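All chains should be built: construct the whole structure from the sequences, respecting the hints.
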Amino acid sequence: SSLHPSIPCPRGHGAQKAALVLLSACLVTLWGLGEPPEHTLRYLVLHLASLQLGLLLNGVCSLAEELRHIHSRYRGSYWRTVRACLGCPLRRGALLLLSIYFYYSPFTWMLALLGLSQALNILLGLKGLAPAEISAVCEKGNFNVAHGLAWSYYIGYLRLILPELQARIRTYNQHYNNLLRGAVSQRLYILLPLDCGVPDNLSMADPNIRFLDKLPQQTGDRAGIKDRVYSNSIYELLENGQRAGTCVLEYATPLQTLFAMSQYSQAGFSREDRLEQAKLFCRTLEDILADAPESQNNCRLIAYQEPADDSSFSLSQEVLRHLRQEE
Amino acid sequence: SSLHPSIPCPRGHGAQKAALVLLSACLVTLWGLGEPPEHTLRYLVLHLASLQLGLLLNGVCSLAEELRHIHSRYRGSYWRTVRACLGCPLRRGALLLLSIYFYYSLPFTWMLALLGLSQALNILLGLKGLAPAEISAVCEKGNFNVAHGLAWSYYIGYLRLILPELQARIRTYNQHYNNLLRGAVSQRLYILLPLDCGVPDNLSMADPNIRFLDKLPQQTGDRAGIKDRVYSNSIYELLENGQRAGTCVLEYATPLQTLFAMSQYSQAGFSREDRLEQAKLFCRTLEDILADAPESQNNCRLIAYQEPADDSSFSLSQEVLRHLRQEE
Amino acid sequence: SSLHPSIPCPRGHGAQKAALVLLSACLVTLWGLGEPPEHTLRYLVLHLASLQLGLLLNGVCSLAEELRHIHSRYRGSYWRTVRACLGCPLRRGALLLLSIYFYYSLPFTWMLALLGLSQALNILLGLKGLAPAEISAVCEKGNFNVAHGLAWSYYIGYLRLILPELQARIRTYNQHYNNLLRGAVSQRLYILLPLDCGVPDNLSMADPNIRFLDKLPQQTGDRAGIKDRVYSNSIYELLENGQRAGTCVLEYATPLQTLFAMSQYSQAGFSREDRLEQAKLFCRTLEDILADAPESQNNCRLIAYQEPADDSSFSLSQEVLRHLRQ
Amino acid sequence: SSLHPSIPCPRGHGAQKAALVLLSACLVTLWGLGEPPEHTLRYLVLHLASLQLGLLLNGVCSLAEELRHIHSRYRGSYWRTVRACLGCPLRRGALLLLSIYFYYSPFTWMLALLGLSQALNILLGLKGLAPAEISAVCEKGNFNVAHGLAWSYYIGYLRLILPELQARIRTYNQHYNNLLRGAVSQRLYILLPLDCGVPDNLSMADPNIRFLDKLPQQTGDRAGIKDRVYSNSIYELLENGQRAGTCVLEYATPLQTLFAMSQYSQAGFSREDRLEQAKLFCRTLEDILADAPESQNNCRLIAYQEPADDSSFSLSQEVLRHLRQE
Amino acid sequence: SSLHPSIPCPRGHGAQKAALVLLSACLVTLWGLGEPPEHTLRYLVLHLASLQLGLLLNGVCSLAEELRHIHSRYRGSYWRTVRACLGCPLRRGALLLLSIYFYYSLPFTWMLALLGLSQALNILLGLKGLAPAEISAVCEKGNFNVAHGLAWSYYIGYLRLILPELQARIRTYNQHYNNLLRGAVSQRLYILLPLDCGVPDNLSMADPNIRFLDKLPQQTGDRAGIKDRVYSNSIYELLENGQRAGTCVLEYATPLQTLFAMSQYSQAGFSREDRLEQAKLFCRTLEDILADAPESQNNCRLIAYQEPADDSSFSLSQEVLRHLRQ
Ligand SMILES: Nc1nc(=O)c2ncn([C@@H]3O[C@@H]4COP(=O)(O)O[C@H]5[C@@H](O)[C@H](n6cnc7c(N)ncnc76)O[C@@H]5COP(=O)(O)O[C@@H]3[C@@H]4O)c2[nH]1
Ligand SMILES: Nc1nc(=O)c2ncn([C@@H]3O[C@@H]4COP(=O)(O)O[C@H]5[C@@H](O)[C@H](n6cnc7c(N)ncnc76)O[C@@H]5COP(=O)(O)O[C@@H]3[C@@H]4O)c2[nH]1
Ligand SMILES: Nc1nc(=O)c2ncn([C@@H]3O[C@@H]4COP(=O)(O)O[C@H]5[C@@H](O)[C@H](n6cnc7c(N)ncnc76)O[C@@H]5COP(=O)(O)O[C@@H]3[C@@H]4O)c2[nH]1
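Chains as they are written, first to last, in the deposited numbering: chain B, 4 to 108, 116 to 337; chain A, 4 to 109, 116 to 337; chain D, 4 to 109, 116 to 335; chain C, 4 to 108, 116 to 336; chain G, 4 to 109, 116 to 335.
It should be emphasised that the hints constitute simulated quantities derived from the structure, not laboratory data.
Don't be surprised by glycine CBs; every beta carbon is placed ideally from N, CA and C.
Treat the hints with caution; some may be incorrect.
Pairwise CB distance ranges, derived in the manner of DEER restraints [stated by the list, open to error]: (1) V147(A) with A302(C): 31 to 41 Å; (2) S4(C) with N188(A): 57 to 67 Å; (3) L139(B) with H16(D): 21 to 31 Å; (4) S280(D) with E174(G): 47 to 57 Å; (5) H74(D) with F105(A): 47 to 57 Å; (6) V63(A) with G37(B): 23 to 33 Å; (7) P40(G) with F105(A): 31 to 41 Å; (8) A302(C) with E174(G): 20 to 30 Å; (9) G37(C) with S280(D): 50 to 60 Å; (10) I73(C) with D319(B): 24 to 34 Å; (11) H74(D) with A302(C): 26 to 36 Å.
Structure follows, in structure tokens:
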């Protein structure tokens with residue numbers, strides 16, 4: 004919500020307010036018309052009971068599938084299989100009895123009609139979920155690709171190199187770097203292009219940044235591999251032909267993974283998905299770094315969207331703009 | 004499916020067969036009672052029309068919220084918001100226009122008010138939710154998993170980069186530093202997939218008979234603005250009853266370590282059953298990806314194993330050894 | 004769409020709006036006349052059910068033929084043979100059961122015989138065909154063209170292979186082999202796409218100004234069992250009013266030559282009015298492919314031109330120079 | 004039909020035979036039932052007329068889309084648009100005029123119902139085509155990717171290099187080839203794997219394949235490129251570690267294009283379509299080469315299907331067999 | 004059409020508009036009278052069925068003669084010899100079944122005997138013939154002329170062989186052998202098409218102004234097993250009012266002379282008025298051939314002239330010079 008105005012905000016409570024207004028208008032309209040309220044009570048109860056019976060029939064129809072994978076998904080219990088499909092059995096049974104008692108007061119004819127309607131819905135696929143209705147059920151439950159990618163990035167990279175970053179910078183400044191050249195600042199800078207176009211060579215896309223030197227590497231043992239290696243680099247920020255400063259630059263590799271996923275046919279990843287996924291990845295990474303012990307005191311996030319008209323946009327300008335708040 | 008018996012198979016068509024059986028039973032029952040088919044058909048029509056009019060009210064209630072992020076999710080268009088909330092505006096408009104005519108000619118404002126109350130109560134109280142066994146179906150159908158992203162990341166970042174050059178690395182190590190007195194390192198890199206997500210750091214633990222001998226020549230590349238990214242591997246040997254039996258190139262799968270570590274932090278919202286659910290889906294997706302790649306099963310294939318509950322003296326040395334036997 | 008005004012735009016949603024207007028008009032007309040609303044519903048249901056009982060007859064007539072290629076197209080599956088003709092055998096079965104129930108209760118054997126005669130006469134006399142403007146939509150929605158394959162072949166075989174290395178050859182030539190007296194050859198290899206499929210072998214003809222200058226260093230590779238496949242290009246000069254104006258790298262598009270030559274052989278079955286529609290579609294597909302390719306328009310330029318019938322003093326040099334200005 | 008049993012045969016006339024059987028059964032059933040034939044005639048005529056009116060309404064609905072492409076697709080003419088959407092203005096007009104005259108055998119009510127049903131069919135998508143009908147129309151009208159690819163192959167490669175192969179082989183034998191080395195035979199051998207998996211070099215997939223030497227080049231001018239070059243290769247076939255013979259080997263590059271089209275997502279090309287097009291490309295080449303002047307006397311086609319169980323399939327045996335019955 | 008106004012334009016759709024007008028007139032006449040709508044339909048159906056039953060007898064009669072050439076025209080297959088006469092045996096069989104069903108249920118053998126007798130009388134007395142204006146359409150739609158074959162043979166044998174090589178001779182002549190004092194011979198090889206079939210052997214006659222100048226270098230090729238086939242041309246001068254005005258190449262068309270000679274022999278059966286319509290058609294066909302050939306009018310020109318009957322001071326020189334103006 005601060006990285007870029009294009010990043011969305013989490014969903015709120017507009018639906019409940021609209022539902023309340025609709026309920027109030029419906030109640031006022033019912034009061035305006037002349038009728039006793041007992042009919043309203045009876046019809047409302049009957050409608051709710053019919054809805055419950057429809058849900059139960061759908062659950063029984065769906066149970067014909069989940070009983071083929073019992074020994075693989077539900078261990079070996081018939082009681083967990085019915086829990087996955089039919090919510091919570093005890094509440095469902097209580098609602099069953101209440102609905103049957105309130106609906107029995116001809117009658118067997120309507121059960122057949124509900125059966126036909128439910129079977130038609132299952133077969134012909136009349137019922138379904140809108141694109142903005144499955145996008146709000148997988149956001150509260152964390153069923154995203156970018157959620158996993160951001161947590162992987164944090165755990166595997168930033169929880170590892172961030173604590174020991176300043177020691178390497180200090181050693182490079184004293185032991186190796188000469189005093190005549192300018193010192194490299196702290197706070198590793200992460201660039202997050204909200205386009206997933208990550209160039210392999212950073213010298214491209216801007217002639218004003220050139221590769222200067224490297225950093226001492228760090229090693230560790232991870233997942234049965236001895237002496238994994240981590241490395242970084244230092245770049246030069248030319249200002250109108252002369253140097254203006256130095257920094258430590260990186261893109262975000264999961265953006266490259268998203269871009270490469272969007273082109274293979276087997277991935278099943280649309281070209282409209284990997285923009286919302288990039289913005290969601292940026293939001294989640296910012297939230298994770300907000301309250302981590304190795305907080306933004308050691309890294310800064312930069313998000314930019316490439317203008318279509320090329321309005322004299324250069325990466326170096328934005329990088330210097332962000333560098334100028336350090337002091 | 005063929006990797007381990009515990010891995011589930013994709014869902015097929017069982018709900019449809021149950022639906023046909025229910026449809027046939029309902030049709031026979033309707034035929035078995037005395038009632039004109041005209042009523043049997045017009046009641047069905049009214050039922051369907053009321054369902055559609057309810058869906059529209061739910062959609063408008065959703066739009067009342069979705070119209071707030073207009074400059075952030077839907078660019079600046081009032082029409083993409085409607086397309087996202089209310090399906091397609093032409094088929095939906097036709098269904099509305101046809102629904103009114105049937106429901107207006109066959116106390117008309119009263120039923121609209123009752124539908125409004127029922128829909129508002131559903132939205133507020135929350136009676137209309139999703140069972141955990143259809144959220145799974147839609148997520149698996151549309152590829153909305155954590156393991157999907159993790160598996161594709163693993164492939165694209167590691168295997169697509171190292172599998173082709175493994176032959177040259179092995180050959181150079183063989184003719185340069187490897188002596189014929191010892192067993193030559195076999196081909197076909199081996200990957201272990203513990204369906205517990207418990208990945209120890211060093212392979213010496215958890216089995217005393219796996220000991221680390223030598224490294225391998227490195228590979229270097231440039232990625233995403235980092236100069237000279239390096240990759241390395243290690244070579245392990247298997248000891249049988251005190252005697253060396255062979256030599257392989259062993260590796261765990263790091264995304265499993267990520268899946269395990271994600272389940273301790275409370276900010277992740279990741280349970281302990283979800284970890285087991287995803288660990289058996291990461292393997293399935295990875296095998297499906299490796300089946301149709303040009304760097305096919307001829308260079309490496311997986312080894313899945315589940316730790317016995319009773320701990321009946323499991324020895325992964327035996328599993329890797331028997332895979333070595335079946336290789337030849 | 005942006006290359007030439009003559010290139011058509013993709014088909015959209017106009018039939019749906021016309022259908023909505025017709026639906027509204029017929030609904031109002033039905034409301035204006037006097038008839039019970041139940042009769043309209045019953046007749047509409049019966050019509051819809053006959054239109055679905057009349058599709059299984061066509062499906063079975065087709066399945067009488069599709070079962071002769073079982074071992075050659077459908078492995079050995081009776082399930083996959085009936086799945087290619089009769090859509091999906093579950094939704095279709097349910098629709099059949101409901102259709103029978105509705106059409107049997109609302116001389117019942119008489120109507121089946123008449124439906125059989127009507128369907129058989131449709132199949133035999135051929136009254137049920139397709140207009141040229143519905144084939145052109147069903148084969149363009151699903152990518153069933155010749156130009157689609159030709160454009161993807163062009164990309165995969167040529168431009169995915171020479172575009173990335175185009176800088177390392179121009180740069181070497183310009184400094185080692187190009188004399189400082191001559192101007193440097195400009196970047197961005199230029200491709201000419203004549204929407205006539207008339208592709209002359211040598212560029213000297215059809216414009217008496219462009220003249221062959223020299224070649225470029227070539228590159229080699231191994232492909233499909235042949236080793237040392239050689240790619241080479243050439244550099245052309247543009248003489249303005251008798252004097253040089255610049256240099257560039259010029260290419261026609263060979264798939265256009267293939268499209269032209271296909272239209273003269275008799276076994277091709279490819280008409281003279283088709284190799285203009287396909288020529289206009291090939292350019293659109295190339296522009297769409299190069300829009301999102303990593304080896305983007307920073308290395309290549311497209312020039313589409315249609316030769317005037319009246320010879321309105323058209324010269325290729327003017328167009329090439331006009332694009333070189335940018 | 005000879006290359007491999009898995010290659011399908013072109014579609015025949017089973018639908019017409021099934022239609023005749025259905026018509027005969029319907030006529031016999033109508034004769035068995037008791038009714039005057041006048042009712043049969045009246046109802047059949049009415050059904051056919053209703054079908055014609057439905058087709059006209061669908062055409063008018065579709066015309067609302069093709070009238071915004073008039074200046075691009077159909078030229079400045081208003082008659083070609085109608086001719087494309089409808090099909091035959093004079094015959095259509097006669098059929099409509101004759102059709103509506105038979106209403107004498116609540117009249118606007120039926121027209122309203124027909125319009126409503128047709129609008130529902132257009133909006134709800136109830137008139138789609140099954141894949142085994144789209145396949146039939148595509149194969150009849152030559153709307154395939156493989157058709158274009160095969161014609162491109164023949165026009166661009168074989169029609170250019172086939173005549174000079176004998177001269178190149180003879181010169182290679184006389185100038186360089188020794189008597190101790192086996193003579194390289196004629197008849198360029200083309201392998202057509204019906205799997206689209208084309209390895210970069212033949213040194214893989216069969217250890218018994220060893221690269222021997224090259225062959226003299228060929229040079230020509232095409233599409234403004236000066237001195238395009240062509241090249242081939244010579245391979246040695248080993249039998250149990252000993253030489254058995256030599257030949258001239260090649261894969262089919264359009265198979266590589268077909269394979270690579272199916273990995274990208276923008277191509278919209280499935281994984282069953284790949285196999286179908288691969289098995290159609292071979293049929294089209296066999297048809298083209300059957301009656302060409304540079305006939306099968308200079309090349310041979312070898313189609314092989316990789317066993318699923320991997321029952322020790324060695325491509326060397328496959329080549330050696332055709333070498334034996336050369 | 005564009006060469007000379009007397010060349011007829013291709014036949015169009017004019018009978019169909021008259022058919023539409025007649026259909027509308029007869030329909031409104033039926034509407035204006037008093038008669039049941041069903042009786043009109045029944046009588047129309049019976050008339051249509053009788054007209055279809057009256058063709059099977061003719062087909063069987065034609066087959067009774069065509070069966071004697073089964074070993075010479077239809078290999079050995081009865082299916083082909085029955086398909087060559089009775090259309091397609093699938094639509095025809097269904098039509099026959101429907102016709103007999105409608106004719107038998109709606116004195117039955119009396120009509121069969123009368124139809125047979127009428128058909129026998131028609132075939133014997135020859136009452137069913139073909140108008141001269143209908144044969145001229147059926148034999149022009151299907152390319153059943155002599156001019157079509159003559160034009161294609163002329164093109165294939167001469168124009169496809171000398172036209173590309175024409176410039177390489179005239180360019181060399183103009184420098185090596187043509188004196189600078191004499192004007193250079195013009196390009197655009199000219200062919201004269203006299204619409205009279207009168208082709209003199211020598212060009213000196215019929216115009217005392219044109220005189221034979223010199224030769225041209227000849228070319229050699231291999232055709233039809235005879236080698237050293239020599240093609241040579243000639244150059245003529247143009248004398249305007251006693252002084253030289255220009256030089257060009259004049260050519261007649263041998264097929265016109267062949268058409269003229271055909272009209273004289275008795276075994277040819279070629280009438281005097283046929284060699285004029287064929288002469289008209291030949292020019293149109295040849296112009297159509299040259300329109301879309303790759304070797305287009307860039308090397309040739311056509312001149313068509315009709316000799317005036319009154320000798321209105323007509324001279325070939327004026328026409329050829331007016332052509333040389335462009
Ligand atoms: N700029 C940069 N420099 C690094 O050294 C680095 N190391 C990791 N990363 C990114 O952080 C995350 C942590 O990787 P992890 O181990 O969890 O999964 C990794 C890991 O399973 C495997 N892998 C990648 N590199 C190696 C490697 N050197 N050795 C073994 N396995 C590797 O492939 C997965 C994806 O890697 P990347 O998709 O390129 O981006 C990674 C990843 O998103 C890095 N990013
Ligand atoms: N101007 C130009 N210079 C080139 O080097 C070149 N190479 C290819 N192309 C065009 O790009 C596409 C890729 O060719 P591909 O290999 O996929 O199919 C090719 C290939 O199967 C075969 N072929 C062509 N040249 C060779 C060749 N030297 N060796 C073997 N096969 C060849 O014939 C097919 C059609 O070739 P062209 O119909 O002339 O146009 C090609 C083609 O449209 C070129 N265009
Ligand atoms: N101006 C001119 N100079 C020529 O050399 C020439 N050669 C042919 N023609 C005309 O073009 C066409 C080519 O005829 P084709 O070869 O198909 O059959 C030829 C061929 O079968 C035979 N014939 C004619 N000349 C020769 C010849 N020198 N050698 C063998 N056969 C010949 O007789 C046929 C008709 O010849 P012409 O009836 O005199 O006019 C021809 C013809 O209309 C020529 N026209």
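Results for each hint:
no., hint, verdict
1, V147(A) with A302(C): 31 to 41 Å, "violated (55 Å)"
2, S4(C) with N188(A): 57 to 67 Å, "holds (59 Å)"
3, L139(B) with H16(D): 21 to 31 Å, "holds (23 Å)"
4, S280(D) with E174(G): 47 to 57 Å, "violated (31 Å)"
5, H74(D) with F105(A): 47 to 57 Å, "holds (51 Å)"
6, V63(A) with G37(B): 23 to 33 Å, "holds (28 Å)"
7, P40(G) with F105(A): 31 to 41 Å, "holds (36 Å)"
8, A302(C) with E174(G): 20 to 30 Å, "holds (26 Å)"
9, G37(C) with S280(D): 50 to 60 Å, "holds (54 Å)"
10, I73(C) with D319(B): 24 to 34 Å, "holds (33 Å)"
11, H74(D) with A302(C): 26 to 36 Å, "holds (30 Å)"
Of the hints listed earlier, those the structure fails to meet are numbers 1 and 4, in rising order.
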